[PDB]
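Using the hints, position chains B and C with the ligands against chain A.
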Amino acid sequence: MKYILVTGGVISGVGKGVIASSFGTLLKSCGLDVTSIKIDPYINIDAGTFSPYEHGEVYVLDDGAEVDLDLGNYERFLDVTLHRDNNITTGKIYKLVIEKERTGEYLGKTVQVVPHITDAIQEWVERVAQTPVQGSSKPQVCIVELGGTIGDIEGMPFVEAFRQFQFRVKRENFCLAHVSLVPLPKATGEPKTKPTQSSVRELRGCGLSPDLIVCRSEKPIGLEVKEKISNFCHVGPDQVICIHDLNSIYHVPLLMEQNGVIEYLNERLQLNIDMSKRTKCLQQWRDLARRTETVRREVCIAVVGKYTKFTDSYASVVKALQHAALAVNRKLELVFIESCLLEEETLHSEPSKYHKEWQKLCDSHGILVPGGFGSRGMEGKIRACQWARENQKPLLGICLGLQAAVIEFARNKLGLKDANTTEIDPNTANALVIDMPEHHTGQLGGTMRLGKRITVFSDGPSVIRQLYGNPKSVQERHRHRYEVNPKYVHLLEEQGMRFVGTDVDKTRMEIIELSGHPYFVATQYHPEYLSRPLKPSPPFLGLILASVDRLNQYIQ
Amino acid sequence: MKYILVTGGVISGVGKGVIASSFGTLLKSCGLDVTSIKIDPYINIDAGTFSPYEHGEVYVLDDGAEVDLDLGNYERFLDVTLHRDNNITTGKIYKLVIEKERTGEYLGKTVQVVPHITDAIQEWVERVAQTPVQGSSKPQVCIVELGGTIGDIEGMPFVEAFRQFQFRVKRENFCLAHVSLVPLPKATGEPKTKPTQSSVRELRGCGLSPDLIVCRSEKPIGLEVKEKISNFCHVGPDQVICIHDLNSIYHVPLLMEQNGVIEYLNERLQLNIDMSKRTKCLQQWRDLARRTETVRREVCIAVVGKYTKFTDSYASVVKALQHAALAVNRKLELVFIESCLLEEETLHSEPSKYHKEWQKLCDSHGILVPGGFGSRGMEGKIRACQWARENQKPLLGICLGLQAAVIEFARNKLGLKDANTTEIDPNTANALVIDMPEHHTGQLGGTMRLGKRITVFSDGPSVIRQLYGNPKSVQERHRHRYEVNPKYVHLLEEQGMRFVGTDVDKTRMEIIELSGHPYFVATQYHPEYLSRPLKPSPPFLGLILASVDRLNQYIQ
Amino acid sequence: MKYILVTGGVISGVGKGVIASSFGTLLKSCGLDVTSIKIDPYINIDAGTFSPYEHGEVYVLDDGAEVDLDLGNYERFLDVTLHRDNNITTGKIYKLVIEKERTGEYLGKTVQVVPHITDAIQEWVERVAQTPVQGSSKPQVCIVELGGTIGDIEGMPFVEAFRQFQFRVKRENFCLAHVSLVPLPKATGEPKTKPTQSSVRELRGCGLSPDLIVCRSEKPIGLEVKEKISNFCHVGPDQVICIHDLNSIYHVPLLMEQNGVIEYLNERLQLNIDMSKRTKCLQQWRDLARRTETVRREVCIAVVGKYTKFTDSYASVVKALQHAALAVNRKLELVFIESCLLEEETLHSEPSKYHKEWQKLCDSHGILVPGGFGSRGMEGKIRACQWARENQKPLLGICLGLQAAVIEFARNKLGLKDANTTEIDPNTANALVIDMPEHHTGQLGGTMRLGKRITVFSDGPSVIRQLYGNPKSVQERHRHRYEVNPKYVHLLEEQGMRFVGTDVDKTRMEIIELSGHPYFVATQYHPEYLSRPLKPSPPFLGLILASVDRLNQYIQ
Ligand SMILES: Nc1nc2c(ncn2[C@H]2C[C@H](O)[C@@H](COP(=O)(O)OP(=O)(O)OP(=O)(O)O)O2)c(=O)[nH]1
Ligand SMILES: Nc1nc2c(ncn2[C@H]2C[C@H](O)[C@@H](COP(=O)(O)OP(=O)(O)OP(=O)(O)O)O2)c(=O)[nH]1
Ligand SMILES: Nc1nc2c(ncn2[C@H]2C[C@H](O)[C@@H](COP(=O)(O)OP(=O)(O)OP(=O)(O)O)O2)c(=O)[nH]1
Ligand SMILES: Nc1ncnc2c1ncn2[C@H]1C[C@H](O)[C@@H](COP(=O)(O)OP(=O)(O)O)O1
Ligand SMILES: Nc1ncnc2c1ncn2[C@H]1C[C@H](O)[C@@H](COP(=O)(O)OP(=O)(O)O)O1
Ligand SMILES: Nc1ncnc2c1ncn2[C@H]1C[C@H](O)[C@@H](COP(=O)(O)OP(=O)(O)O)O1
Ligand SMILES: [Mg+2]
Ligand SMILES: [Mg+2]
Ligand SMILES: [Mg+2]
Ligand SMILES: [Mg+2]
Ligand SMILES: [Mg+2]
Ligand SMILES: [Mg+2]
Ligand SMILES: [Mg+2]
Ligand SMILES: [Mg+2]
Ligand SMILES: [Mg+2]
Ligand SMILES: [Mg+2]
Ligand SMILES: [Mg+2]
Ligand SMILES: [Mg+2]
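So the sequence lines, in the order shown, correspond to chains A, B and C. Counted the way UniProt numbering counts, the first sequence spans residues 1 to 556. Counted the way UniProt numbering counts, the second sequence spans residues 1 to 556. Counted the way UniProt numbering counts, the third sequence spans residues 1 to 556.
Just chain A, with the same shape it has in the complex:
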């Protein structure tokens, strides 16, 4: 088994995830089987209790585990089905070791960090690396990404464990790629190599040595900077790879190939990769990059989301929208709209921003209402849903968007002006959205309806059923804790809406649709987690087609 370790330089947003995903893509292009392990030095057992601002959107796996978006990147670039054990956190290791000690496995000796925690980390890595991830495939290469930067107090156990690991499995099976930042201050005007030198010195003090130095900058650096880095890092001139800011992340594998990363890894790790056959290996990615470069027609989708201030809080959403837009030869113009600024309270505070956001929402061909938590920005989601339903603008709501759509429908069409969710208004006369009884045991974190489920399509002609391929039932991943009230659904269905998606029990409904309006579809689950570059999610594809006025043509 061969291992690649990707460590961090001076910042944690440097791009380790993209580098590791590109390593996996290159190694799978050759023909190998690649595993991916994400190491999160934080103590949370899972990521189900994170704000989207802290590290980005929270991914939901197939078994219900909530993990980082790095696992989403791994699944998107590698088309593999990861498990709960592909994410390693400090809390997991410490809980495991504490339980083992309490049971009596370590009887006689004291449990320490270096002999016991590091041993548990190494055993976890070795056991997970061999776990099949694409079916019956036996993996050949494991890519481990260390979250954070070198020098943190949280990463010390992991760097010590890998310092022992490189000798446990010999140097021919272990490689280490270091990703660093090369700032180019405007006032100074020249690229600076000092932070990279400090990072390399810290990594050498920790007992490791970078086989590769990936220098990340905004613009290509000169040969003087690269030579300086090679001299002051004790690394070969051809062992330093310069990756600058590219148009899309699809160019990163191509950039690393043109920098000869595959050849260096094949000689360094003894992968026995033959050069003759591996020609035109990245044809799918080259075609995708060319299509991203050569899309002229414009499609505009407005995202009424409450996590707009950070652009990576809707990573999977943006990626699914991009996949759908590329699948129809359209250039996705994404306008992020804070749902808070669409509320009437903003009008009494910042009229200019309110009008600017409303006119941004009014000039878009489509609207998307993703999920979220809390009560802030939910009224703006209601207002956007109301406007879209009134003016026949196509809209796609996800999780919280479905609840907002139901609230708007009940408040306007049914006249129940007091309709609200128990999440926001527990004392509601007409609790349109209520709580699922078995997911409020007072223990936040891994206690909702999580993972794959089964959604039953109702008996009746619905275009959303067509969009998926006219099936009887479909499977998707859920991240919801509240559900709509059955009794009002009986009323809402009669008036103007069609609940066309439910579960086997026909008690938990998931998909709503309306007669009249061309495309007004809301989902309780997240269709975005199953989107791949060549497999755009059918809901997003339908939203794009309706936005560009091509849905009817695609139907026939």
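Among the clues, some could well be false.
Identical chains blur together in the list; that is why a pair holds if it fits in one copy or across any two.
[What the hints assert, rightly or not] Once the Cα atoms are required to be at most 27 Å apart in a straight line, the calculated DSSO-like pairs of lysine-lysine come out as:
1) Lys194 <-> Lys109
2) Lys192 <-> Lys309
3) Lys138 <-> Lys92
4) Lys417 <-> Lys487
5) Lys186 <-> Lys356
6) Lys219 <-> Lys356
7) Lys219 <-> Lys309
8) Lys535 <-> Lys331
9) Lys280 <-> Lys360
10) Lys277 <-> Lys413
11) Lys219 <-> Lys186
12) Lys192 <-> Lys109
13) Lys170 <-> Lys28
14) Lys280 <-> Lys192
15) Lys219 <-> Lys194
16) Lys194 <-> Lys228
17) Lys95 <-> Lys192
18) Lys309 <-> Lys186
19) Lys309 <-> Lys228
20) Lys109 <-> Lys92
21) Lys353 <-> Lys472
22) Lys452 <-> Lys92
23) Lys219 <-> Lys192
24) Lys100 <-> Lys228
25) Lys356 <-> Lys331
Think of the hints as simulated: they come from the structure by calculation, not from any bench.
Below, chains B and C with the ligands without anything else, positioned relative to chain A:
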């Protein structure tokens, strides 16, 4: 609240525990209330699963917690009743934080080490420091001892937490004493200050600074060495305290007083200790040190123990024996005898060692059989018990010694040659000692009969009942997992033995005695944990008096 | 005496020099006397042997010492006359200590780094801080700038020396300001505090602690970033000062004042600065900043220099040009022109660049030919001088510019097509510029005509004599090693040129002028080193006035 931190230098056997206990003794002599917190950077929840070789004898607290011998030193020098929360381990903090995160206390943000683990450590220290420990007394000074040495990967969270703590509570409430070793190699022939300089440099790199430098050596160091340490550690000449190897640990408080530690701490910590009243404060300790220096009459006790290779594995037993010997103006000659070398197997392997150990056992005025775990050396305990019972040599057995005495009595007097414990021989025809059903749930660590219990004295004249003061029932601390079989006890009592100690249910017997032999007493509990310098344990005092042929005189 | 230490963060171009100069300006506005010491951890005795690319333009002091441009910034912002001892290098300290040891001052003991090198550094700082620098003024505050970044192997002696120094002079006399960089990567899109945290951790490990944290960024950072820095650096919220990229360096003192730096330093260093009187203190700098903001009229000067790739290689030149431009209410449009691209060889290689640079040179109102070393780009200087003399474009040549002008004059007007300098063509038939015999002893570094000298104005009406104020002789600083041949000067003076500047011996001529051409002045010395914000250099002022066609009006 005032805090004193005692950190380690180049070795962990340097003497931090004695220094902290002496600090507590000095501060309690002035009149203050002193708490003690022991920080163990290991991950074990408690010390119930430690070998005696790793750190020494394992102490049992009043509530059942098994802790380090440092807590025993604290209770012996301070006469306080510590609790489970006076020991801090890495496992405790990590388990606490993991449970808090899982419940939902840290919702929204990732749990890290510096903002969360260190905060939990500081909250634990602040909450435990204020917990009453001598009754209704509100503590004034907390003495925290950091286990290990500065620079360990395990101690990094604690040193970071205390680096923040010194500024959280201001420098006037926080003091740091550093204990270092000054080696004097025979070949080199001169004291070396370099290890102390390296330790000080590491401590300053960690963000702390030693208010005191305690230099530990075997012989007093010259003024040149002390001046060198003061110059190269950036510490004042009078701020370095030299403690050498003394006859007894009772001299350490006196040595630190004659080095002016109390005055420096009073000025540095603003303790407002008045100089005029505090005269003749350490009169008990000065008297005890003089008595240790001026004991001429000789008493010899042989310890048939399996943990002889390390002299600190019987710390509490040795201290109780010393207290009893000093209470009768006798000098305790302690000869440690490995019970393995008293077995007939050693005779066929090392006859010289077998004869040497047997003649060491034969020239002693008394024998002590302490407790232990495992099957190694148990046959030697049986042989020693048999010889003592045959030749009328006084003997005191503790825990495993009681089971050994029962086994010997059944095998010899009752003729049951197959008598054995289930701990060693589960397939026994006559299981003289069996297992308690409720303490084998397959979870080692805090699952025995632990802590204070109640022992009922049987209705009948027994000298052990007198030795305690002729009570009806007494309370002691238990660390046993196996108990003797009731049915054979009915036979054993009839033949020659008197089971004079049981529990309230009259089903778990604890103390044995036999007619004839002057002093042959065995206990299921540990009497040594309740011994104090002015309160010797009555069993040990009786053993000493019987050894020196003074028990009959003391009776009347 | 009070000391301020300015240390470096993650890069050495962060702006420590501007921060220290602004500290000095603020402290001198209050009324104190401020010294400045620049510490260069390199081993060069002086900066006379540096490339302009390594750290920038090399400054020449009054006594002949060649120092860094930081001393030029100190003299420009403080209007003080520094000495050779205001620059501390590693070579200086080590040479001093080695000479002392060889003489016998350290007899008996070995000379080490911590007790001896650091002691020499501290003695140097203490002795130089008290040296008068503005006349008879006794200094009150010394500002020490540490070159480089914290963590370098070269800076370890100096950081150790200052760690002892802060306790030698007590904390009330010592303050430490840390300047760090806060990158905002385009891909990541958010400011990053991790490099600042790492720098603070390294500085705390070195034994120091930043009283101030100056965060340098390109755009103002949000309050979240500042709060994160305050939390993770253990520094107060108001102790973090954010300085972003400003229009001119004159805004930095005003920015630090509006951030309340003066008040914090007055309370921290006990400067006893009264608040009531110090009103409108920075009126000169506020007026200068407003004038820099409010200059509309355009003046264009082309710099034909060979060190164009780095914009700081002509720091003093650009500053003198800016002072002259501001003194006439004109906005200086500076176009840097590589003299290499003006050569005919570039025409045969890159015709586009050759034509672009020639048309950049042709659209400027004036030309400046600064000094330099080597032969590269000298032919381009000749071509630019020839074009300017032919087309009546005003030109100012410095040092090498005077030699280029003489070469062009001899080659064209006198017809000596083989005229060249001995510096470039030692085997010259007509050596127009030759070597000074006493400055080629084979020892590069402090061996030229350096420091202040005396220049004698020739008997005859010359406009350059007027520009200075019609004196008889003037004093300037020299950095030249070659001088023109006297015999050809006799011929050139007759033809069309007037050598109007010589020395007392009337053998070393310094200033040339030509009849006809409005403004063609060349100087052997550097007038730029004596330029101050309110005292623009008369040569640069005359060049600007001739460029904007106002010289004749200014004459009368
Ligand atoms: N608010 C909330 N968060 C949950 C819940 N279950 C899991 N989580 C996670 C999602 C959220 O990203 C995170 C809470 O952090 P935040 O306070 O930032 O959530 P929220 O989106 O409501 O932001 P906000 O407080 O409204 O500004 O915990 C839940 O039941 N309620
Ligand atoms: N053997 C044993 N140890 C226990 C038990 N419960 C708690 N402990 C602790 C006491 C022991 O000091 C420690 C085990 O470490 P050791 O192997 O050194 O114990 P032991 O005294 O038997 O030494 P030995 O293996 O015979 O050389 O676990 C138990 O039921 N059996
Ligand atoms: N070439 C040269 N440099 C000197 C002399 N005396 C002092 N110095 C300094 C100035 C220069 O900046 C430095 C030499 O470094 P460089 O090679 O970069 O100088 P130069 O301007 O000629 O650059 P170049 O080699 O032409 O690309 O030494 C001298 O006599 N000749
Ligand atoms: N070479 C590159 N060019 C352009 N964008 C990049 C890039 N590498 C990464 N990115 C983008 C993708 C991510 O959203 C962000 C960096 O985060 P990341 O790639 O997940 O790394 P990390 O896991 O270290 O944060 O910037
Ligand atoms: N000053 C002194 N003189 C003689 N013996 C000492 C001493 N200080 C400590 N000792 C003994 C008592 C202990 O058994 C051993 C050191 O261990 P300790 O005092 O518990 O410190 P630590 O907790 O650092 O191991 O040596
Ligand atoms: N706050 C600020 N805004 C704009 N430019 C600045 C600035 N501070 C410094 N600069 C410019 C001036 C210098 O040429 C360069 C930084 O170099 P410097 O100020 O001499 O510091 P250092 O000595 O650390 O290199 O950037
Ligand atoms: Mg990340
Ligand atoms: Mg990542
Ligand atoms: Mg962050
Ligand atoms: Mg919330
Ligand atoms: Mg110990
Ligand atoms: Mg101890
Ligand atoms: Mg040990
Ligand atoms: Mg065992
Ligand atoms: Mg500089
Ligand atoms: Mg500088
Ligand atoms: Mg540099
Ligand atoms: Mg040269």
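We went through each hint and held it up to the structure:
When the C-alpha separation of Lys194 and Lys109 is checked against a cutoff of 27 Å, the pair qualifies only between copies, where the shortest distance is 17 Å, while the shortest distance within a copy is 44 Å. Taking the shortest Cα distances, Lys192 and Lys309 sit within 27 Å of each other only across copies (16 Å), while inside one copy they are farther apart (29 Å). In this assembly of identical chains, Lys138 and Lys92 lie within 27 Å of each other by CA distance solely inside one copy; the values are 25 Å within and 39 Å between copies. For the identical chains of this complex, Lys417 and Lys487 are intra-copy neighbours only, at 17 Å inside a copy versus 80 Å across copies, given an alpha-carbon limit of 27 Å.
Proximity of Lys186 to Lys356 under the C-alpha cut-off of 27 Å is restricted to the inter-copy arrangement: shortest distance 25 Å between copies versus 32 Å within a copy. Only between protomers do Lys219 and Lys356 lie at most 27 Å apart by alpha-carbon distance; the minimum there is 24 Å, versus 33 Å within a single protomer. Taking CA atoms no more than 27 Å apart as the test, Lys219 paired with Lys309 passes in both settings, with 25 Å inside one copy and 17 Å between copies. Taking CA atoms no more than 27 Å apart as the test, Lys535 paired with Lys331 passes inside one copy only; the shortest distance there is 17 Å, against 59 Å between copies.
Taking the closest pair of Cα atoms, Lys280 and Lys360 never come within 27 Å of each other, the shortest separation being 43 Å inside a single copy and 47 Å across copies. Taking the closest pair of Cα atoms, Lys277 and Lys413 never come within 27 Å of each other, the shortest separation being 64 Å inside a single copy and 71 Å across copies. In this homomeric assembly, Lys219 and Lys186 come within 27 Å of each other (Cα to Cα) both inside a single copy, at 12 Å, and across copies, at 10 Å. For the identical chains of this complex, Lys192 and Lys109 are inter-copy neighbours only, at 18 Å across copies versus 49 Å inside a copy, given an alpha-carbon limit of 27 Å.
Only within a single protomer do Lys170 and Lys28 lie at most 27 Å apart by alpha-carbon distance; the minimum there is 23 Å, versus 35 Å between protomers. In this assembly of identical chains, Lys280 and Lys192 lie within 27 Å of each other by CA distance neither inside one copy nor across copies; the values are 36 Å within and 39 Å between. For a Cα distance limit of 27 Å, the shortest separation of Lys219 from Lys194 qualifies both inside one copy, at 18 Å, and across copies, at 22 Å. Proximity of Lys194 to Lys228 under the C-alpha cut-off of 27 Å is found in both arrangements, the shortest distances being 10 Å within a copy and 23 Å between copies.
Taking the shortest alpha-carbon separations for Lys95 and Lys192, neither the intra-copy value of 42 Å nor the inter-copy value of 31 Å comes in at or below 27 Å. Taking CA atoms no more than 27 Å apart as the test, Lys309 paired with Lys186 passes in both settings, with 25 Å inside one copy and 15 Å between copies. Taking CA atoms no more than 27 Å apart as the test, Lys309 paired with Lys228 passes between copies only; the shortest distance there is 17 Å, against 37 Å inside one copy. When the C-alpha separation of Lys109 and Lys92 is checked against a cutoff of 27 Å, the pair qualifies both within a copy, at 22 Å, and between copies, at 17 Å.
Proximity of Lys353 and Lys472 under a CA criterion of 27 Å is satisfied in neither setting, with 46 Å inside one chain copy and 69 Å between copies. For the identical chains of this complex, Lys452 and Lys92 are intra-copy neighbours only, at 23 Å inside a copy versus 36 Å across copies, given an alpha-carbon limit of 27 Å. In this assembly of identical chains, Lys219 and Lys192 lie within 27 Å of each other by CA distance both inside one copy and across copies; the values are 13 Å within and 19 Å between. Taking identical chains as interchangeable, the C-alpha atoms of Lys100 and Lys228 lie at most 27 Å apart only when they sit on different chains, with a minimum of 24 Å there against 49 Å within one chain.
In this assembly of identical chains, the alpha carbons of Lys356 and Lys331 lie at most 27 Å apart only when taken from the same copy (23 Å versus 38 Å across copies).
Figure legend: structure checked against the earlier numbered hints; hints not met, in rising order: 9, 10, 14, 17, 21.
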